[PDB]
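Shown next as structure tokens: one chain only, the form solved without the named molecule.
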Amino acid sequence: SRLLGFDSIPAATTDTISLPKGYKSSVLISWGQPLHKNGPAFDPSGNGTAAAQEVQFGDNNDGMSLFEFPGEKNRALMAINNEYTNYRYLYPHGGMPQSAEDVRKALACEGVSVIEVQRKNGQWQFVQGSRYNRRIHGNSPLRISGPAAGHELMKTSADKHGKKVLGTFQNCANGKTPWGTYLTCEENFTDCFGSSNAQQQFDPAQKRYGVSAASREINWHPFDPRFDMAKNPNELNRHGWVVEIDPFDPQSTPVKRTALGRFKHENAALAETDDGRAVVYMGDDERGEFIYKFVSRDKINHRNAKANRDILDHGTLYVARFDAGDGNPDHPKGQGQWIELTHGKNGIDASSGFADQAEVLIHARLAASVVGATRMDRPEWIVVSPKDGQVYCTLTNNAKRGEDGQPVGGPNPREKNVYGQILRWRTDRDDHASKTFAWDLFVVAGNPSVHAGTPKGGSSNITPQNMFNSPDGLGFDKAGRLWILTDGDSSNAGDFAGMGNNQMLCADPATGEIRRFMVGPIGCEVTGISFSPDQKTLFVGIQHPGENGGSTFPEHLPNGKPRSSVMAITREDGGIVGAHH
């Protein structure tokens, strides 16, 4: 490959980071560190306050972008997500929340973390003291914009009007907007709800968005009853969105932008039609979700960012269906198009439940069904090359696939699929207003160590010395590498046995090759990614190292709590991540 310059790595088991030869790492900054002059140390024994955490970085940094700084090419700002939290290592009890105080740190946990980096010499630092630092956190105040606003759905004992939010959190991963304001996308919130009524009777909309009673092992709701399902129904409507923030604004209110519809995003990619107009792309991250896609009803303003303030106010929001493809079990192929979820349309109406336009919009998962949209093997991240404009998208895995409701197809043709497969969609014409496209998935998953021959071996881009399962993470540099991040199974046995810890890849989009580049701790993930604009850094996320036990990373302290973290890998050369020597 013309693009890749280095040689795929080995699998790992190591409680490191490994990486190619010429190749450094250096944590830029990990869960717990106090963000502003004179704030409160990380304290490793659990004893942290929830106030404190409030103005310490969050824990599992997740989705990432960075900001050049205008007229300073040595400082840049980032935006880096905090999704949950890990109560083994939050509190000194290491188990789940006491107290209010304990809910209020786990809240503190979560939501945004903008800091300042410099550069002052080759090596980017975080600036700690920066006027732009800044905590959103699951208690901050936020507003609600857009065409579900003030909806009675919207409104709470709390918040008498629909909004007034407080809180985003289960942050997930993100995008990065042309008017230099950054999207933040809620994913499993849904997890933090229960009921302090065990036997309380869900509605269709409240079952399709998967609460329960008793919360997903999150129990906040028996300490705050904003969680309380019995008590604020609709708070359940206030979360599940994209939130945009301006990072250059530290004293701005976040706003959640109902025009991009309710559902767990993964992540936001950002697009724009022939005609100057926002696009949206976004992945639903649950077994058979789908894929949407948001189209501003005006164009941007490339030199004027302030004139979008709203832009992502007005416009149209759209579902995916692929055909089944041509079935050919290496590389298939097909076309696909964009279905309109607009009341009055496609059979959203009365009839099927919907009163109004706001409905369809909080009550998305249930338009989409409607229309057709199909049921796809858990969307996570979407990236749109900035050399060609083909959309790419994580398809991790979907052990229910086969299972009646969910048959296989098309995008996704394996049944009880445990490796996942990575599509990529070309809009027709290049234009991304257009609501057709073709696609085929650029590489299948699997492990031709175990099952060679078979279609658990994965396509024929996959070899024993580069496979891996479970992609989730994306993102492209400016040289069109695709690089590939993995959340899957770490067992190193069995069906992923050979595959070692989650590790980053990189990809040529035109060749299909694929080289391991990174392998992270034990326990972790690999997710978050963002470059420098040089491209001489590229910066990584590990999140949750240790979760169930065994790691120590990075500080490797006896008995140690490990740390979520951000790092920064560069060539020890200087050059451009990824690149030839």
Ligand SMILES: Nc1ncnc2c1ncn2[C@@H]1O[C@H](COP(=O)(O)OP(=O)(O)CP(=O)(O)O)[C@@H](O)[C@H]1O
Given for the second form:
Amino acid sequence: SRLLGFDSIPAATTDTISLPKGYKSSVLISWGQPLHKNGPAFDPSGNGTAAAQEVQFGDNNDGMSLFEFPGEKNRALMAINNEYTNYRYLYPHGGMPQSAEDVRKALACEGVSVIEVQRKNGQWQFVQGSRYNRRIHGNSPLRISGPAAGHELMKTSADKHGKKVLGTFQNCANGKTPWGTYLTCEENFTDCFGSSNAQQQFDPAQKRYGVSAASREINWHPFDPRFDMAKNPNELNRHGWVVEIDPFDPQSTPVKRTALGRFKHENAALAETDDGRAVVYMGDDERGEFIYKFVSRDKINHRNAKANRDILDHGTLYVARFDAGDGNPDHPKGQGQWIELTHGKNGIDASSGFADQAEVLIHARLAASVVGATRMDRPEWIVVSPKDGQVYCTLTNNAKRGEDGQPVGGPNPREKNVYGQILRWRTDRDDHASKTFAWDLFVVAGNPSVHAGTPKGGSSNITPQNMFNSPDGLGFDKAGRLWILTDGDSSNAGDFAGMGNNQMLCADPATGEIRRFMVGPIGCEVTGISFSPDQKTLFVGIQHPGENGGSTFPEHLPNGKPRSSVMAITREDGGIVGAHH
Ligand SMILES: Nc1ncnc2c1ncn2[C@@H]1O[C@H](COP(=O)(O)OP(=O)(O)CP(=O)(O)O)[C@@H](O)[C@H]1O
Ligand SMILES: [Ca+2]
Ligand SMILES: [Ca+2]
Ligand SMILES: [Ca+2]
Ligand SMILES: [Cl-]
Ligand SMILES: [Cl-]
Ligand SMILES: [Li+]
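Now that the form solved without the named molecule has been shown, please provide the structure of the form deposited with the named molecule bound.
Following is the full complex, with the preceding chain placed first.
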């Protein structure tokens, strides 16, 4: 291959970072790092306060973007998501929150960490004390904008006007706009809500989004009533959005962009129509949910960044339908289309339960079911090639594929899918404004050591050497290499025998060739990817090392506490990461 400059590494089970010959890794920043001058040191005992956590790097770092600093090649800003927390390590008691301060501490872990990084002797390092350093967390004051701002469904007793919301949490992955802003995506936000009424009767929209009275083992609602559906049911509507942040303005108020719809947002991939309007491809990460596309009303003003202030408030939301494909067992190919989610179109009207467009966006999942969107195997990250504009989407797995309502077909070709696949599409005429596209399965993950000669063995670009499961994250570099990050079963046993710990692989989109590049430590997932502008440093996140108690990464102190970290990968020779030596 022209693009793959390293040899595929073996799978690993060690509590370390494994890389190819000639590569090195360094910890850029870890959960708990104070961001400001004289800030509170990380306390490995768990006794750190919620107020200190609000000024420290958040937990479980996930999607991230790097922004070049105008006029200074040795500076950059990074906006890094903090998705959730690990109660076994957050609290001294190691269990569920026991107080309002414990709840505040968990909310402080989540959100976004904006940091400055500087280079000295080729090595990028965190700059504690930079004026750009900032935490945006679960209790931060945010604004709501777009078509659902101010709607009755967005009003609560604490916010009677439906335009001011506390926090962004469950921040999964990201987007980077061409107007210098950062998009952060609220994914499993519903897990945080419960009810003080164990017999609460949830309405169809609440049930579709998966809320329950017990919460999904988060248990904030007994201490903070904002999360108690018996008292503040509309608070559920004020989360599950894409949030826009300006990393260069530390006093700016982040904005929830309701025009992009409400669902369990994984990431937000940017592209542009041939007539210059912004496009945002978005996955809803839940078994049997959909893939969405937002197209702005107005043209992007590339040379006047602030003229795009509210470009994401006006536009059109679509959802995908994919056909059955050609039935190819290895490389199925087909067509699909984008179906508009607008009140008064495609059967979305009062006869199907939608009074206005705000309700269509707040309950986008329901409107998408009305129009006949294709139920997918858990869409996670979406990326757009900078070389040819083709779009790539992980479909991480779907243990329920084949049950009633989720038939096997087209881009979801296997029942009880434990491995996942990567879906690709090419917008017609290579114009992102097109309502139709051609699709193919770029890779169908599998285990040819266990299941050779069967669908569970994967596609022919999968071998026992490079095999992996549950692709989640994706990233392109400027050369056109496609980086694949995994969040799968790390047991290295049964269906996952020989896959080892979670990992990162590199692929050539034009040939389908995939090589394993990095293996992460015990209990982690590999998530978050960004490159330095010169492409000589690849930044990648190690999330929840030791989720089940088997790691001390990265400090490796005796009976130590593992910490999610952002790693800086470089070549010892100083060349471009992934390229030939
Ligand atoms: N109690 C429960 N009921 C229903 N769905 C659940 C569940 N616990 C987890 N899930 C969902 O099942 C899927 C698999 O769970 P898991 O925690 O393994 O996923 P994950 O690590 O992929 C989450 P993420 O998408 O943030 O990376 C996810 O989509 C998760 O949201
Ligand atoms: Ca993910
Ligand atoms: Ca995942
Ligand atoms: Ca995960
Ligand atoms: Cl179709
Ligand atoms: Cl573990
Ligand atoms: Li253009």
